[PDB]
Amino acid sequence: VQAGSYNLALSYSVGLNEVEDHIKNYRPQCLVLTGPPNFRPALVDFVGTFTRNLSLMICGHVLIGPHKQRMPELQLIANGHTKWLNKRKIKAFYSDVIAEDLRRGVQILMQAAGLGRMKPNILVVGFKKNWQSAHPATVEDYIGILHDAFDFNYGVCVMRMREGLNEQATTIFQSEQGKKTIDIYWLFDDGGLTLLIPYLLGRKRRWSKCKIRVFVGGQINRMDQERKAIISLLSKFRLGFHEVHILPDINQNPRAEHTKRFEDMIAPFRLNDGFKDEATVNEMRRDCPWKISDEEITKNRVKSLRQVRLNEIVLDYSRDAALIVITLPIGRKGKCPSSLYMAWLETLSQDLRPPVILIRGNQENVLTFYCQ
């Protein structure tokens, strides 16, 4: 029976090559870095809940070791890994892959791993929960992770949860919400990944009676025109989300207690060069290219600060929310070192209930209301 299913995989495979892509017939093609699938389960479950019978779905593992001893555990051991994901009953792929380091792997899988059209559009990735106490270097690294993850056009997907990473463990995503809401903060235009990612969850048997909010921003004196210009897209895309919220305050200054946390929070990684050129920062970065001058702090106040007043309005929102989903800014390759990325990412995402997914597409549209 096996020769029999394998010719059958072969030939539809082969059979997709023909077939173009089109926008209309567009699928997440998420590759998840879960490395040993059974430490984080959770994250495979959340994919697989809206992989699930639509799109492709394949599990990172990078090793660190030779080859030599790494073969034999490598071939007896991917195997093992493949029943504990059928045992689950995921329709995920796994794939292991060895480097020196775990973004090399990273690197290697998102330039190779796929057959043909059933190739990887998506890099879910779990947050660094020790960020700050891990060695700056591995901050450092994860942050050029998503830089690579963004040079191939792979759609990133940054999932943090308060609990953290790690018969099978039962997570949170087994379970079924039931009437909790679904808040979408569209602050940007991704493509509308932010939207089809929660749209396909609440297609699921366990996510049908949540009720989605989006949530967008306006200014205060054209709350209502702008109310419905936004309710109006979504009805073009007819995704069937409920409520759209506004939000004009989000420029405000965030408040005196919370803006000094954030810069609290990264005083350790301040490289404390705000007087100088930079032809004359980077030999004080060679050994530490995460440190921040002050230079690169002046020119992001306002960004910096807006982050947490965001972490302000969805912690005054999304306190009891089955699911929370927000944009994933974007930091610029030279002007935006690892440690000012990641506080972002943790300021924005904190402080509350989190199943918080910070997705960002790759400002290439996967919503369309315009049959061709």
The other form holds:
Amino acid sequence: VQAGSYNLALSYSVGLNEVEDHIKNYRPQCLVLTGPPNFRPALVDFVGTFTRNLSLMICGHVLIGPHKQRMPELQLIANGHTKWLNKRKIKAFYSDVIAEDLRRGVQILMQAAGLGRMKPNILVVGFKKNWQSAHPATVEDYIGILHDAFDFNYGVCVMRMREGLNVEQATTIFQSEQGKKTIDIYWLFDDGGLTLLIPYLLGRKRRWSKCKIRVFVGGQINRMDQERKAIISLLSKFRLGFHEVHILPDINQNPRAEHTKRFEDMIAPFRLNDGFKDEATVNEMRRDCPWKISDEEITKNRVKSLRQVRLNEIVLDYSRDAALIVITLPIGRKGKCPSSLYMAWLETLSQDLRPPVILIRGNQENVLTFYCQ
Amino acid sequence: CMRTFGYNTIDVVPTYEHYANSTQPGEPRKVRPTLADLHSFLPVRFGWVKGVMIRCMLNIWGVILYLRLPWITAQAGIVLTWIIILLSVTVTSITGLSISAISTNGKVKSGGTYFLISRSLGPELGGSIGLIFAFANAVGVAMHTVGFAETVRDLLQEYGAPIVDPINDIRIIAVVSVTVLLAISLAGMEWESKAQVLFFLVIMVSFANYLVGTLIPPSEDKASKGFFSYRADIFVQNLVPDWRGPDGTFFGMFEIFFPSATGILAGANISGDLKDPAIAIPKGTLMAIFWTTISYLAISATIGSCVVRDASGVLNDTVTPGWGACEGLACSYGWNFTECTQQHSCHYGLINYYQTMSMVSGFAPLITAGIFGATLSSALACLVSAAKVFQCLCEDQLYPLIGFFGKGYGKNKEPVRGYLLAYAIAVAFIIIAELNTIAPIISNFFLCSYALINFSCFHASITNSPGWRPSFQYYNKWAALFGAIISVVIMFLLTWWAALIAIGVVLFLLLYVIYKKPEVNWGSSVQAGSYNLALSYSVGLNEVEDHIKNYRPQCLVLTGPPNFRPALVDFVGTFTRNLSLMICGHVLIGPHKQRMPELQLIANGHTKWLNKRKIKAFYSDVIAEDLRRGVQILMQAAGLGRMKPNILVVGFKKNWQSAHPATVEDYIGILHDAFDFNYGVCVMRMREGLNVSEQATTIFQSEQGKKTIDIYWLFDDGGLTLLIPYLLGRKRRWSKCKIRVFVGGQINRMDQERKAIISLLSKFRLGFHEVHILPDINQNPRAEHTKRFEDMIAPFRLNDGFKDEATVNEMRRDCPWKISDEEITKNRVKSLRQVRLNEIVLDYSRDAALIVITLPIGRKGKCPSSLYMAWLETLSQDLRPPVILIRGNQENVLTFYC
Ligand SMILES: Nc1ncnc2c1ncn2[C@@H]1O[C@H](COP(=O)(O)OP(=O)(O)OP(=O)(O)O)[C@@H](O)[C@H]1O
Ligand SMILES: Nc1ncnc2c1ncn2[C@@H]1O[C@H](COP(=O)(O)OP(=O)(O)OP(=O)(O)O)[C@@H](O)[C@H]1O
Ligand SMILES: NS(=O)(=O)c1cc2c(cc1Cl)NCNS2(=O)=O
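I've shown you the form solved without ligand ATP. Could you give me the structure of the form solved in complex with ligand ATP?
In what comes next, the whole complex appears, and the chain from above leads the way.
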């Protein structure tokens, strides 16, 4: 039995080497950063909901610290984790690596995990709920994980839940049918279509097939009808079957004074308080702490920070009771956006909700097409 | 303030232009910034009514409507006739639902049915179906024009104006009509549409004429022929069947009717001339099917409710009192057909007269015009469909010569060459003038096309790729499968030999296309299905519980660029193919760490090179500062679930003497890391080296002849040292090689004299033809070779005889490769064993195809890396044949065996 299963698996995996890649056949192959899969069952459940027998799903665990690999204990624990995953009826592969820190292990997994064409192209990581009351080095490493994911051409998906992800198996929200609630999609920027593909595949399961999908797109106050018509036409060309389209004409409006003050206080303990010197003469103080923010950087990114804090209000007043909130994840340029600022943006976009909030971002490459080549 | 969202950022908002590959009406096609830009530092068109509904409706309507349907309803009755019509309609409607679903997924271009099938199912089946469809349409035009010519000949003969003879008149009339049709079609699609609309109007007028005639009271002529206007008695009597003649069977009527009304793809074959095909094809096709079905049912019922089955046709057969004995209902209206019924010799009535529908109608010439219009419309539709489908097929370039056709022309790329080819084929088949033995073949070709359409829909639905998002959601994959299966069953039930011919042609064309390996990548359910199968079986393997009963040698071959060292890949693939996983690992030193599109292109090129050598392996490339780190990454993460490597295959670095010692340090470190990861190590050495920098040849690609494979088993590693040569010896290139095992089985393991070696060899079922014992290992080697070894190791000596163990590492802090005097004196006997074993190997295995030796192991810290490399060098040196130094994982590989 095992021999025959291995033979079939190997034959088909090798045969897949001959098949060429096409946009019509694009599949989201997810590398889920779960650690021990029983610690964060919400991530596993959510990813397996839309990945089940549709695309590759890998649960990545990084064993921090130095060790001479091998040993029978590593295999025993890997077998235990695989058994736990199988008991939950989750079609996923468990993969663990040994590295000095989380960033190195994630890099190893993103570089080597997979088999031929069956290799991940999306990174799914949980939100760092405790990023403020923690050593800034950890925050820098987390943002560096995101940066490495982008550097490898991966699509990034950040999952946030109100109570966090770290906890007979545990039961999560994604094991129960959502019902008539709505999946709210905020397609603010063109990333290729990942922001839409993930919710579309999610709604193709029986647990989310009853949810009404709402798409929110930015626009102009004097061209709302035209923008709505154009976006509806685009969605119909994609044949995604999304119900409602809303246009937000006030994303550039200045946010309330209380919320901007809250955002300012959030990054207060990361202010390097040195933004009156040349960038050349400001990296000396960052040599040991490459996470502080310089007043020049804050002055340049003020508009983007305000846009983040205002998008939070827009989401709060629209998606208060949705079953899922999908927001396009903003991109911060390397070297011009300190890890603290990126973390603050991610915290500000998703807050004060009851969030199954997903921040998605494709690699700027089309994953949808209205063509049959 | 209140300006356009996105005016103050590099990121762009979603717009249609970012996804279109067409020509931008305004300026050029805008392109969204690449991820590195944001990241990183520093022509007439037709509507659905005139384009699809009219065309499909005219295609479905044929001559059976006027000349056969009344006969079928007379023979089988109204109920059985409705059953036949409904069965045909279920088949056709399932096919239409499938085509509608397949036709709403992206934007469809010119190519009609062939385009949809090929783009949804792959070039393999698509090309064969396209060729068959084009040929079938080119012959259907001839069949329809022959029907029209036969009708014209019958009319002329009835009028007494024949030209030459019944057979030749058909030839002349058909040739002239087909020429006129060709002229009409070459004038453009506007004139073709005008002609289609004219024929539709003529058919509608014919229907109105028949309906009006069926209501007026019956005249003496009509009455004496069975027509009596709607009567409850006639309707009731005409419900049960009344079979007659050699064809009076249900299957006979079904075979007459079904192939006559199935042409539902007429509208979808001009998809390149529609405005919004995704909106017009489904609606038009389904409406056409519904309306044609309604017309068939209504005609059947009305004709069966008005005409009796038998009628003499003579006006003298009126019923009067005194003479004759009336029989049947016909004698209740004052008509006596008793004599005809008794002798069964009357030529009038629903069952005996073939033109009863024309007699009933108020003007027979209108019925004749309706027949003319139906036949000509079918011929024109077939001509246009064949031309368009063939032009698309030739555009795709799946065949070696048909490429000539397909040259579009002014404005609309009209395939004039395709029109000429179709007209030539139609004329050639008309010249025969006899097609009763060819018509079943064409019908079965159309049925094959229907089955392929249905299977395309079903396969796309079952695969469920994320790109399969049809906007028409009123289909069922199970219904599509039933439609395909029933289409094949009907094809075999009608003209089974014709069905065999059609299936054989389809298979031959598919085999040709598959062998030709077309260079088209459209994205099909077949590729998505291949991915589905791979994922499903990998997950199934993962589900199976871990157990030792399925050991396989899963090799991670460090080849760098695969074309650089093809000997390594060839050797590993020899014993890995069809048995276990093989991964070709390539490490890129690289400045920093990134993966741009160029890296993906290079990886695709390497994979293509690997697949062009018929080698079953995965190419994996990683970025690392040095080779050792890349190998660590590969050994840590490479693989998927249970299909992960457990053997490391690396080449011998013959340049270690002349190179920075840090490089040899890192090489030995790679070996030690593989050992520490519970990997099996396998070092390959050749006198010419592995780096050879179409396909380069390699000694492993050739026959080995009678040369012998020599194994020097010096340590019990679990069986890999013997597993590899055994697996190698099962191939057709190593079969003639005689395997010799020089069993120094267990040096420091209490080896048995003769019993244990033979027992283990038998348990390995290796067919070891010879077993030799070489106990002359501890013997001191010749002084010359000892001096050679001393010379090779001299440069790495640290000269630390008087220095202690505690202080030796001090000067080693920056040069850990250097040897220590105490280390030299400790690894002296074990170092001379290497030279002695080299002596033995050199004297025994000098004409062997392959040499396998146990890989020495160097203990970390107390065995300097340079000394380990020296041992490896001395062990395998001066040997012409390839040398493989192996050391198993200490895990029982005997479980691999049956
Ligand atoms: N050892 C690990 N292997 C793989 N992914 C990890 C590992 N540790 C953390 N992660 C990922 O990083 C994310 C953030 O983890 P982090 O610990 O920084 O925040 P947290 O989960 O709020 O804290 P805690 O783990 O103490 O609950 C998690 O969602 C998880 O997906
Ligand atoms: N970039 C690489 N990726 C993977 N393996 C490598 C790479 N470079 C070298 N190797 C492996 O290390 C071995 C020694 O290579 P090295 O360049 O150190 O010596 P060499 O004599 O140049 O080897 P070769 O004769 O194969 O070129 C090779 O047999 C090869 O298998
Ligand atoms: N012209 S067509 O390709 O649409 C077509 C014609 C006929 C069919 C089927 C099709 Cl798809 N079957 C019945 N004989 S037909 O009218 O020539």
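Residue numbers count along the first chain shown, from 1. In this text, the rigid core denotes the largest set of C-alpha atoms whose superposition between the two forms falls within 1.5 Å.
Position that moves between the two forms after core superposition, taken from 52, 70, 333, 303, with Cα shift of 2 Å or more
The only residue crossing the 2 Å threshold is 70.
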